[PDB]
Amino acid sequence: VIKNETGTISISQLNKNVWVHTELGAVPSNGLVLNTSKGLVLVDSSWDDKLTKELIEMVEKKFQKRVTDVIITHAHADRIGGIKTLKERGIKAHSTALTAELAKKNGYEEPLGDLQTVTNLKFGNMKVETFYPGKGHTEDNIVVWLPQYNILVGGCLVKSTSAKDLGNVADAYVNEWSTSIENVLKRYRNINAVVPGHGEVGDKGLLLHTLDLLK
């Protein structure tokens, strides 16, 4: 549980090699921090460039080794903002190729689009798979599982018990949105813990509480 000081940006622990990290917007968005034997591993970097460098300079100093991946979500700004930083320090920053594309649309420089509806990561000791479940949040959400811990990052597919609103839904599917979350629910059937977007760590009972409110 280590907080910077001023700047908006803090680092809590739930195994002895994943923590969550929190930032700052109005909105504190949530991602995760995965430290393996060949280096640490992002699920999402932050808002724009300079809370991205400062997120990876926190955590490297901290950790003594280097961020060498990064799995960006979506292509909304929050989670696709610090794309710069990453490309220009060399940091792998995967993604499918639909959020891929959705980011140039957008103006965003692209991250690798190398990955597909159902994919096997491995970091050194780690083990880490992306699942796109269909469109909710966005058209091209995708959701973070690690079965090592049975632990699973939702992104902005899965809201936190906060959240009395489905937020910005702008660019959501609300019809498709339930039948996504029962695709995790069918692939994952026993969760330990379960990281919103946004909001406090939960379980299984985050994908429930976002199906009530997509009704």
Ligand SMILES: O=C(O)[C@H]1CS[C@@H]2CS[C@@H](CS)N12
The other form holds:
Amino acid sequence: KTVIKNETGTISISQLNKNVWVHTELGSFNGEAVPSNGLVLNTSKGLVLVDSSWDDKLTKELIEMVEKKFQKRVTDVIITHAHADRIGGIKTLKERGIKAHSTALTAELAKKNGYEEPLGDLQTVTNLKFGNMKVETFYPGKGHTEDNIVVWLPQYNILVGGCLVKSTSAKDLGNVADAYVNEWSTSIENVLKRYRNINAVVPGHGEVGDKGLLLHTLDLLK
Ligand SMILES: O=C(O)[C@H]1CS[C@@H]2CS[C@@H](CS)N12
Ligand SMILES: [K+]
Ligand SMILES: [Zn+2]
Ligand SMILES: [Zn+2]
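Would you mind giving the form solved in complex with the ligand, to go alongside the form solved without the ligand above?
Time for the whole complex; same chain goes first.
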């Protein structure tokens, strides 16, 4: 049930479990309100985000909300690809001394698109631990973008799909200009192969689902 919104209503967080919430922000795309998801991980060494938000204003507001609520600092963010939706708050992170993890390719792409660079520290498979919280990052191949990664929480069997994974409500692939529609199916299969028992799947946009969201993505690719 538990859902907390900000003043203006533009930001929301909703609990999945004792230490794991989804954050969602309404941003401005072409040309309506469009929601974007990530994760807030409440660990004993601080707050870790899987993705920040659309722009600096929303990222600052997000950080401020979870800092106030959980009474600890945001220490780390995992940036799941280099579109503005994911990388847009990078300047806020760097200036606050928040570590912005990404693959090298995501870092390269950010800079090519004129953003400040995340760390480029993540390999194809990276295993991180913050306090007691275990976090795996996985590059499954190209799909929604060249660089898109997923994030797995092995203690909860929770998969952050990012924009690689479409919600039920999504009835097409979205913007495919940066996409690789042949390789996207294989990428999704690589996820299904690596993570055989999944409790919950967080799509880049839309409502939390399960493994069925990955199967939905495959169908939308046919
Ligand atoms: O993931 C997507 O398909 C689209 C629809 S909403 C958001 C803004 S365009 C792209 C950047 S992640 N993304
Ligand atoms: K454990
Ligand atoms: Zn994207
Ligand atoms: Zn997206």
